[PDB]
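Before any questions on binding or motion, here is one chain by itself as structure tokens, the form deposited in one PDB entry.
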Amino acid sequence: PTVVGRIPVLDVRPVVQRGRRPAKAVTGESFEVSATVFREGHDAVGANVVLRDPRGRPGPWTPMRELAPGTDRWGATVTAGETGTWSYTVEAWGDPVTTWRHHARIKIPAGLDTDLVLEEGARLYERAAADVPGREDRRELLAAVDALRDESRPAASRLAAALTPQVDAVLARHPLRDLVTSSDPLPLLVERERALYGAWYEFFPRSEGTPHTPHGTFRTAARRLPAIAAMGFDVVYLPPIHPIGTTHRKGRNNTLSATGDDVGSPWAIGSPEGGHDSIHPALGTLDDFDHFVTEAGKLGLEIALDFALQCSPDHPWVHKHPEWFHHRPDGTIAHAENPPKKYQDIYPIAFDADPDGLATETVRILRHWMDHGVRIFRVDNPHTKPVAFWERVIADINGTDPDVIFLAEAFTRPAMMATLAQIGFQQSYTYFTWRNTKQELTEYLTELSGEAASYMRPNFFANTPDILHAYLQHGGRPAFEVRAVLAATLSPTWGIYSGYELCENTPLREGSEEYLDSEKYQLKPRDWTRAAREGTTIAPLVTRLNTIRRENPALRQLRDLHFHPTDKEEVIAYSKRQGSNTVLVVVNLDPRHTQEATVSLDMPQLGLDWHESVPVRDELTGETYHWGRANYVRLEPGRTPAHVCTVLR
């Protein structure tokens, strides 16, 4: 009972944890299944991929190719349909027609065994014909058999008849496969399209108030949705919406002690008004939330709620479930840290005393918001909770509600970010904000779209309430334009935190990535109407970007991405492809200086011969350009951060 089969087929990829977790995909996504495939001896091998939908039904005949000469690594692109748990195997086989055609091309002109090789071809094409099921397809192959056997023509002319394209036609359709060896099935989990594709917008409802009631409510915040929908966003992510604690409530600018009307951080969940299942009374009631969810739905927006498995000291849990916390010998509970950060206003959950209780409550809490229309959750700081916990929770929820998307806010070491993705988290935050040079971007994106894409889906938020990167601080408005072009086109999921559009870039101090007067500790009213009137918002750019994404399926996927070399360190270029769609992007990473460069396009990667012209259209400007293997660009920051181009038919 051997491990290797008749024709070796080994290390079928994508693979997640040696096959005990599923590789990931979404409806309509293309990705490449691969395998090492070879045989003993010198004869030709073939391989093909077999996708099985959740019912056992196999997909189209999908043959593979050697991906680089002499490597014995084979690949083919396959595509997922209906959501569910799929499986895939690679089949390898002896390819006798390629083997024979290769030998007949040398032996027949050399006059070697011409009578034997031609009868070899007759007998074999007859065998190829026994499985071809069309009357015409059969009779075509069987005529070549007779032409191979016709002794009254020269051998060179008898062989020629087995290589006409009409024979390759019937043979590409129904190949003759010897010694068919299968790999063991590997699991694939296909999820709804939002799991991979979508633009996210984060805002605080409480900041969208009125002059006479400055603390916003769901009813006042619902009026902010049309602006957000108009920018072309699909998901609206809310910070925690529940009662905020008062004990150790932080004041403005992350000061330890609040004052009389300081609002405190929404992540300080819990007070005697309720916990994670309740609405913060200054926002309104549970019906105000439904109104919000409904108004959001009407505009085409999906609500994502923040799940922060933590408490403020006034959460009812603190006394209702003391065992969900770790108490020091004097009974105090150390405030949470994500060092060097200090979170004095909140308690971390301890998990080893009553793990069943936390699991049951977490899914109850989540099923509560699920009942009110929340189908997406931004999971706050998951890496400070056990990995097997999220694995169990995501399984429970998805077993009944497979459409529920979880997003992991895990800024941490590479191991944990990877593991959290592989145990269930549909999407992941990334290092995107700390990748700002051409080389950082190229490296990270080469990895995220490389092997990582079989378990991670990246969500490129260009800012968060916790991350005002120095690139944006020092670059001003042209910085905000470049990072949006970058995020919206390098990832099929990107996002911004409200105020990005207004280029809010004042840090708490220098060397800090915190916002001065951070929205986390204060209402942050914003004059959206003034900013729009005065053109001091890049909301026009954000909108056209999400428009380009919605008209171009190359931008709705992640794995098909290639960087093109340019002769300036500040100018990056790359293209993505989906079928006939080819988007091509050139960004100037200099926020401060005009750059000109030669972008030397890797023409075959766009599907073109080395010398062809390319009709492209700069979808930001609408202008059309004719490009070739080398193209002169000039990008003036402020005027034009980048060309975002589709190729034209």
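Numbering follows the first chain given and starts at 1. For clarity, a rigid core is taken as the largest C-alpha set superposing within 1.5 Å between two forms. Compared with the form deposited in another entry:
When one rigid part turns against another between the two forms, the hinge among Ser265, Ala462, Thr181, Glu29 maps to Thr181. Rigid-part rotation between the two forms: 10° for the smaller part relative to the larger (C-alpha based, whole degrees).
Right, and the form deposited in another entry of this protein, after the form deposited in one PDB entry?
Below: the lone chain, stripped of partners and molecules.
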């Protein structure tokens, strides 16, 4: 038995960990399956992709083509359907009809071996007819056979009879494939559309209170949901909603001593009042949480809860399960760290004394919130807990509940970041906030939209409570507008943390990425109604971008993305396509100066020939332009951060 088959089919992609983990897609998402295919000699090969659903049923006939001359690399686009575990193979074969037609078109006009070449075609078409089940289809091919053999007909007419549309139609439904050779199946995990596509909004329920009761409840925070839904978001991500420890509770601005009424960090989970399966008493009860989830769902909002596998020194686990922590020789537990940052208010979990008990308890907690309608979890710093722990936990949960989505907040080195995605995390936080120049954005999105897309789905949060980038600090509102346009149009999943739309951008100090007076350590009442009346919010732009995404399928996918050259380093241009929908975006990355540039479009990447016009509508303004292969743009910060255009068909 040989490893290589009769017609070699080699190195099928996408592949993840040599086939030990599945490649990823979502329902309705297209992607390319590729392979190295060739044969000995110079006759033509053909190849096709066989995509099989969870019941083993094959998809449509999906022929591949050589992707670049002389490379022997072949590809075809497939489209994922219903959720579940699929598989794909590549089949390769000798293509005798293509081979013969190429020879006949050369030899017959020159009168070379005319009778022999035509007879080769005749018995070939007889061979193709042998497998054709329909009487009328066979009669079609046999008619071409008889014409090819008709020596009382001019040679050019004998040949032409083999090349009619009616003949092609029979062979398109019953191609003659010789020496068919197949790869061994590769796995594909197809998940729900929200795993790839959605707009996220993060806020702290406790900040949405009243003057008499400053600490918000789930009942008072629910009245923020209409604004979030009106802004076009799909997912509401809440920081931890559990009781918060008192021992070593942090004060305002990340100080080490809480005083008086200080509320502490929600990530310092646990007290005698309860742990990860309980509600902070100041937020209300489990019934109040159910009300919040119900009202969110009525507005089309899904809840994502924070899952932080750690605890305050007051969490019941500390004395119930000491073996879930690392102890020093005096029995004390060192506080958690993530250098240069220190988390003096929490203990990290240790995994090597009782990994089974920890897995059991983790999936118990997840299933509790899942029973209360939470089908999405934002997992904190997963890279400080074992990779195989997450692989086990995610397999357990998705085994019974495949719709649950896990988002990995792993800002770390690339190997870890990729591996967490590959072992099951549906979504990943990314380096987006630290990619701000044209070359940074072009290189990083080229990576994310390329091979990484077979295992990672990016969530572009333009800010988080822990990341206020210097680009926003120094650029002000025009910079918030730019980063919103970029996040919303470069990834099918993007997000903001509350206050982004108010352009809050005061750092803790120069050179920090923390917010001054951070909401992680204090209630932050915001007068949303006043900000809207004073026009100091970019909620309208955010709303518009989410509507554009909902109206243009090209923005609801990741992999089809092309950057078009401009002649100014501050002006970036790119297009995305899905079916007949094309979106073309031009962004001025300079938040301080107007920028003029010529955008030179790669017309064929738009499906257009070089002389065609490009009728576009700028969805930010409603204006129409008659663009072509080279277009002058002028973008003024504070007025026109970008053009977000749909190509008119």
